[PDB]
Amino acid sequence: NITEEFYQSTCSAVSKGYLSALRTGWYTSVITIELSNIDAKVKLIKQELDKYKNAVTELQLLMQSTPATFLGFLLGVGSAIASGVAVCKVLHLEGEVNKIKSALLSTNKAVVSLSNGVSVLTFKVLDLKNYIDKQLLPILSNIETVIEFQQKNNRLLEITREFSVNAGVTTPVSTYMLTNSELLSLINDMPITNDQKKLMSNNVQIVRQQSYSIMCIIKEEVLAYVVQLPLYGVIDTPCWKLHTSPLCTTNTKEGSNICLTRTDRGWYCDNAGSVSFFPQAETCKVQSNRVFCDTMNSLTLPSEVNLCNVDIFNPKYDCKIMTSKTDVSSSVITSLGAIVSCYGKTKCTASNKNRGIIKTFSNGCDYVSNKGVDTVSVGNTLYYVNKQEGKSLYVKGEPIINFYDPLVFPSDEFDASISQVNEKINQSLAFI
């Protein structure tokens, strides 16, 4: 059940009904490929064997160094593959690769305890040693062997291609790195809750986009790369999306108008007694009513930040805004409708596909729901609205920009707030 409320007073709208899936941690698995030491049909086999050798050499040469890779400016700075790189660094210690090679001798999956105590799931996805030693060495022939060897070697060649243009670190994790069944069985044998396994298994395409593949080591006929998978430690909490657009006065004299915009737009999810706030567009991914975000791109805020939607002048949280005199027209397409900021001479309308223009917006900030509306036009820009089913509520209220004296209004404030704007107005009213 997705619902939406538009606040006429602040030119903003909140879409709720979403459920969280936040990446809070990382799981590191070690994916291995076992390697071999080494007429027209034999010629094709030798050409494919050369492609095999060059791929090994290319990956060997690849890792002569350590692997590396409105309110967004308030975010901190993480190191996204620090956990995977740390595991990879452990794999270079003496005897470490040999432990993995021994654990996977009689099975393709095994949990191995690394020397520093880290327990990682290991996975041998391709045994090229067995194939080359048992099927190709006796030759050095028929066409079926040529075809089969090309099929088996192709995956190594494609993994190498990906690492070669990504400096050894890829994201999203492709099906060459981990096929769909491999990833599913990895998730299944992963030490996580039943809710997490079901969530990851039903959203593998999102899991791939939030994962990293880190080329790690070639040693003792073992090719190992670390696949860093997301841990969703927050699931099924309420989330809501805040959409904001400029609210300006609408006086006829050009340049005499003042504007404010709520700057706190983005995704919000309840999380551990606080609210995780994701300011940056497209750092969250919506699947139906589930929203996948990454806490690395969030601020942790008091839950009172939500009061800004119902009462922007509330005394418990100082709601953030920016101010200007740039009254240009635009639209913000919401989850269930469209906010329209129409100023000046701009033509602003809403239309249905079958009937055409059904509403002409007057100057100011207004809203239409997606029920019976297919597009909105603001100036020369046509916007298609989202056709998701859900109820919108229009909350009438006097635009708060009307409460300000333009003669003392502080414009060109970007990182401002209700209180900071009051503070500056008081200082200007004092000097006069």
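Positions refer to the first chain, counted from 1. In this text, rigid core is short for the largest set of C-alphas that superpose within 1.5 Å between two forms. Compared with the form deposited in another entry:
- Once the two forms are fitted on their rigid core, between the two forms the CA displacement reaches 2 Å or more only for 147 among 310, 358, 118, 147.
- Comparing the forms between the two forms, the C-alpha position of residue 47 differs by 2 angstroms or more, with the core used for superposition.
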Given for the second form:
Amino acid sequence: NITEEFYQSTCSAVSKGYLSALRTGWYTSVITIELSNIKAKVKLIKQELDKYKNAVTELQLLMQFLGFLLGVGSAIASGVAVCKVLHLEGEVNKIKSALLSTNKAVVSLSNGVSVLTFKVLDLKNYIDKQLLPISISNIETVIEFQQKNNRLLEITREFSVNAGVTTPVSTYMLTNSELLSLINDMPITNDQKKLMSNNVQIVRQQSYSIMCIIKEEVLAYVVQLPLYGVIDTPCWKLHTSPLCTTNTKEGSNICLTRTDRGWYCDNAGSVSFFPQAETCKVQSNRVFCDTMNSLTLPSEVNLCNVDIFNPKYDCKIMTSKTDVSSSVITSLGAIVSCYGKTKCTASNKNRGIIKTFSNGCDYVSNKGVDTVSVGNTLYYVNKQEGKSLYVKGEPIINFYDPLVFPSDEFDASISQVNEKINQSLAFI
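Could you output the structure for the form deposited in another entry, given that the previous block was the form deposited in one PDB entry?
There are no partners or other molecules in what follows, just the one chain.
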């Protein structure tokens, strides 16, 4: 149930009804491919083997508005931390020996980590059985080999053009089969296992493959998978657009814009705020975000939608004198900031222009509306089903005296502006 409210007084809109899936952590696992140390259908194998030899060579060669408020993480530090351990002597042999008679196992490593290790491809035992004695005979060994070899080559290609770190994680790095099994064996809730299983492509996109080592006939890379420690909490998206006075004299106008646009998700008694809404992806009513790109705010930040002048949170805005027209396409409609001589319209498919916007900040829902045009820019609106509510209010920019209005404030708020205006009235 996606709904939306437009706030006329502050030229912003809030889309709600979303459920969260936030990456809160990482799950690291070691993926191994055992390699072989070597020297008509045979000539096919000859070629297939030469390519094997230089893929191995390649792998060996491989190892010789409010965004500015965010902190800075190190995205593959967990995975790299695991990799640095595989570089201890005999450490890959602990993995090697544990995966002797089994393809997947939980190996207790040295530094005090217990990682699910997984041998996805046993080229070693292939070459050292159905290859070594040669003897043409059957074509089925030729194609089974080309198949296993191809995975190797695709892994090698990805690592080389990406300097050993890839994202999203391909099906060559980790098949649907293996990923599903990995998902099934993680120390997580069932609600989490099913979430991941029904969204593997989103999972792959939030994952890393990290080339670790190729030592003692063994290729090891670490796959770093998202932990969704916050699921099914309410999320909402806040859209904002410039609110300006609409005097006919050019340059006599003042504007303010709510700078706190982005994604918001309830999270452990606070709210996770994602200023760069590209760090989140929406699947139906589920929104996948990453906590690394967020701020943790008091829940009172939401009072800025209902009352931007509330005493519990100092709502954030920027100020300018630059009244350009534009539109923001929301979840269930469109905000239009229309100023000057700009032609601003909304249209239906078969009927054309159905609404002409006058100067100021207005809004239209997506019911019956397919496109929106501001100046020379045509925006298609999203055709998501959901109810829209227009909340009438006096545009707050009307409450300010342009003679003492502080323009060109960026990292500002309702209070900071009040203090300045008052500071300006002190000069009398």
